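Once you've looked at the hints, dock chains B, E and F with the ligands against the given chain C.
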Amino acid sequence: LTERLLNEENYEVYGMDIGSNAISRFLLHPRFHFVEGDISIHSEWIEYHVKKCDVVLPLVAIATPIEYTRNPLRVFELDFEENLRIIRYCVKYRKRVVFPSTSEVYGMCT
Amino acid sequence: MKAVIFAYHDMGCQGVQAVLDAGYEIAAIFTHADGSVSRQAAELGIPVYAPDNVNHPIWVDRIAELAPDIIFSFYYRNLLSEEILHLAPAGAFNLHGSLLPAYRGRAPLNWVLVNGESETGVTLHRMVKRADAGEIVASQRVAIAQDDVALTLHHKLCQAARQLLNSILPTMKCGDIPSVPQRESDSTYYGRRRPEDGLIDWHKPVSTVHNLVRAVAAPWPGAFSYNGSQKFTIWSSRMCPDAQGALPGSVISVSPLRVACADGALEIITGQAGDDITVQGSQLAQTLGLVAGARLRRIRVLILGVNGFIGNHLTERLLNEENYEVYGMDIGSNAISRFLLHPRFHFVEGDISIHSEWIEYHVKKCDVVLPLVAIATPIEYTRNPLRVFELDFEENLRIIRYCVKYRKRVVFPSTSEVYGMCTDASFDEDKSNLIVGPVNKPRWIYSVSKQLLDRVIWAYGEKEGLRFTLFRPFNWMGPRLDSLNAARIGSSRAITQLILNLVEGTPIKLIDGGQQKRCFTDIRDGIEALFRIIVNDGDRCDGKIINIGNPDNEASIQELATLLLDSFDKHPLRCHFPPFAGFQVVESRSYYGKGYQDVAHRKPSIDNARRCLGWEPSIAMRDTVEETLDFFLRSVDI
Amino acid sequence: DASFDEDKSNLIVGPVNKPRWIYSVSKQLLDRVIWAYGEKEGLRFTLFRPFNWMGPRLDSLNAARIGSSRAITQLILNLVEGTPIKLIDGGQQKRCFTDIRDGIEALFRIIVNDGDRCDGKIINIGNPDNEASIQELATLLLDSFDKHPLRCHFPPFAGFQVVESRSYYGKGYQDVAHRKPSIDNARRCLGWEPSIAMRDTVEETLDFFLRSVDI
Amino acid sequence: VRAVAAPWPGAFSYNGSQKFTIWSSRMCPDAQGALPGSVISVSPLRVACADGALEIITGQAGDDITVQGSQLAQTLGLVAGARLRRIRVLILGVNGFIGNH
Ligand SMILES: O=C(O)[C@H]1O[C@H](OP(=O)(O)OP(=O)(O)OC[C@H]2O[C@@H](n3ccc(=O)[nH]c3=O)[C@H](O)[C@@H]2O)[C@H](O)[C@@H](O)[C@@H]1O
Ligand SMILES: O=C(O)[C@H]1O[C@H](OP(=O)(O)OP(=O)(O)OC[C@H]2O[C@@H](n3ccc(=O)[nH]c3=O)[C@H](O)[C@@H]2O)[C@H](O)[C@@H](O)[C@@H]1O
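Chains as they are written, first to last, in the authors' numbering: chain C, 331 to 440; chain B, 1 to 34, 43 to 304, 314 to 655; chain E, 441 to 655; chain F, 221 to 304, 314 to 330.
Everything labelled a hint here was simulated from the structure, so no lab data went into it.
Built from N, CA and C at the ideal position, the CB exists for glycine as well.
There may be inaccurate statements among the hints.
Partial chain F-side listing against chain B, Cβ under 7 Å, derived [unchecked claim]:
1) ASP284
2) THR286
3) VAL287
4) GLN291
Extracted from the complex, chain C is given alone in its bound form:
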């Protein structure tokens, strides 16, 4: 998504993560700004940036079927709690969430 929006004309993308070991190609791209952050720790840097931006895409999530039974609590505490904190940041500062739901929400649907 960073490369798509970066190739597009008027997109100033701010990307938060703990590393840059896969986004190395466009790190210094003038329309891309990397920021250091963990959605579990930072409350201010994440809230600041949500104000500064227009759309928010909280792509941080643990989405591995093994981790659900392995680490059920960290799966909940990250996929739910911390992401919801970001969503309340958005309702407060009046921003749009392009939020990622999941296919697993249907579960064993007929």
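The following block gives chains B, E and F with the ligands in isolation, referenced to the frame of chain C:
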């Protein structure tokens, strides 16, 4: 005769009945917790004890109270102290497994199979202070067959002991010593086997690999290797000389399972793929999915206070080594200007007194944490005791809880002042006591602080699994040790304060006589030892309280200023500075203020640093004073 | 030091691999922080260091079975449930035992603070006239047990037995051999010296804990 | 005692408050007169039941090693003796549908 027997496992099980058969009166059998020796002596109506350490005033002064005549050691795990050996007149004799004086180590019944020995047998000898190096009394040797494995050779050598103690033992009841010393060149003390030793090396002879597999055949850990990333063991094998032109590690057949070695091939009979059941060699290569293949990021160091005494020189050393990503946090970079632009170093803005989020984030991002921020000047202890305690204890402790929570390693900086006014000849991390003055002596608000912090680290690393290593510098000094402009306040260590007195032509004060002695360590030696700890070669540092210091440099502050003055006059800029303002001895409560106290002598036990790092100091006092002087001198408007 | 002086005696503890002193070092650093406040901020304070006080209501018999119990009431438990009186590491070390009444009286005098004599000073409450050993304690304990009007209802005495340190306390323990307080600051500031002798303390402590049990 | 002797968990009881196990025994019919549960002697270690007494051949106190019945009663230290608050319920929402009942 009265016999005290230290017996354990199968050997002790048989040896106790061998002594009981030889006519002896048994009045004490000592062993350990859990064929057994405890249930054996229990069902014989014998008194049997199992102490933690038999060398104990409750036990030593109650073993000789039983009036022992002989003491016999049948595979005892703990070592006996000479004071406990000399309790029986006729003496004490340990039955060792190997054919002494060979393999005089521990657990040799495995090592004989490993190397491929042809014969080995029991050897009863007289316990001396040397490790299993007494005088031979009897030796029923046993031959190792081509098929023998661990359990088989165990019961075979066990029969050898049970058979030898039916002859020499009834003869020893009369007080004879038909003993023979050991050629102290014909000795091998093979130590304990660690689990990272039953690993297979396929680039060796099949004889070697088969010898290993037999050495750890059930119920031992068993030889093992890895297909891709699946640890699988090999319980039994067959030395197949068929080379079948294949590279070491390559699978040849799947039924029979055959792996190629440097010469020939090893044929795997049984084994397990993981902790699942032991299976047939073909079924073994099935669950592994074998066909015909072979067999078998840099480190993030977080430095809190990169711009500082240690931090500057530590970042330089970690940086020169290729594979290190150092992240250094500080309020200013006014002295780390040389590597700011260095790609393998990232500076980051922060103060541990304010930031409580960025710290935690970075502790996650890194691999080892070095909270080098700490106010460590004797004057500030009495001046701002609350400031010293809040910064050096409270805030740094919060950094450590970050580490225990995120499972990082803490190379934490303890101090020499943790010992305080210690009497010991050399201050030992693991034995020296810790002496401090009363509460009305606030100079120790620093010492007590770093110590309690030490103990909390200890508690975490022990009750919660914190990876840590404590290092206690001993008066490190060199370039970049405080600043002369901040040394004018008193907030400065000893050396650069006297250098300031030479620069501005102030009398060099020698507090309270100036006759106390300390060991002065060079910066290069201390930074090498710290890096050796950080590399942590083979976990030699985990849980250890190491000690960095240079005992070759014990001098007095008068001796220090003397060596300093002679290097000042010999400097090419002595002319640029005023004439020397002389010495003058002053009260302590005249320069440090009320409530001061001091340690008179200081000598570090670098035993652990020698033992864990393969390091001993080098640069002597003279070189340090010269380089320290030079740097600070030319860093002046000239 | 023969008698521990709050204002002169040093403070000695074993190395870090002796977590017994996690308590001592903790209470001391806290002591020193109070001292700092009292001078760098003017905190009104007074520090009192009890010396093996004992009497009625000292731990519980139910919390003594876990180990969470001081020496006196632990042995009282041993004599209550037919359990041997263990004398850790010989039980031959000595401490000065202060009665509850005297210690409370000294503390009350501290709270009164007659004429600000207690401000900034580290008072020490103890009875140097009651130095005894755990061996000698347990014997004086036993001696008071059998002449008690309820000797009969409790089971027989189970004997004494010496035990290693790291068999009852575990890894990393160490102990202070002798302990005697300098009660000068108490005397000087409180007009206070101890009175009740050990036997009364032993007898009243036992008496209370004994009848505090269902029959 | 036989039904769970080694290497099975083993029978056990309480010496006041310490857990000791009985590995081997001899049901001893000589109903030597004591309360069922009283210790009769040390060597042999005997404890009374309803119809006689049980005799302790071997055993272990705590997890220290197994010994003779005599040594067991010493590590325990025995003579003729005998073997051997309400619940706080917090209700958030006490005034309501379930709570009141
Ligand atoms: O690295 C160490 O071993 C420890 O040493 C220091 O303790 P200290 O040696 O007492 O402090 P110094 O600045 O090195 O002073 C040493 C002695 O020199 C003397 N001195 C110092 C300055 C001066 O102007 N004149 C003078 O006579 C004083 O007696 C002073 O105690 C610090 O307390 C610790 O932070 C440090 O870790
Ligand atoms: O109240 C006090 O003076 C101090 O009591 C304790 O220190 P200590 O007296 O040494 O510990 P105790 O449990 O009261 O017992 C004293 C010693 O008797 C010994 N002991 C204990 C129990 C026992 O059954 N047998 C026995 O010999 C132990 O070695 C123990 O250290 C606490 O550590 C201090 O915090 C407290 O201030």
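Problem - chain B contact restraint on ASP284/F - CB to CB distance below 7 Å - result: holds (6 Å)
Exercise for the section: Under 7 Å, Cβ to Cβ, is where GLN291/F needs to be relative to chain B, so tell me if that hint holds or is violated. Expected result: holds (5 Å)
Exercise for the section: For the hint on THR286/F, just tell me whether its beta-carbon gets within less than 7 Å of chain B. Expected result: holds (5 Å)
Handout entry: When the least beta-carbon distance from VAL287/F to chain B is tested against 7 Å, hint result
Key = Cβ of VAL287/F sits 5 Å from chain B, so the hint holds.
Going through the hint list in order, the structure satisfies each hint without exception.
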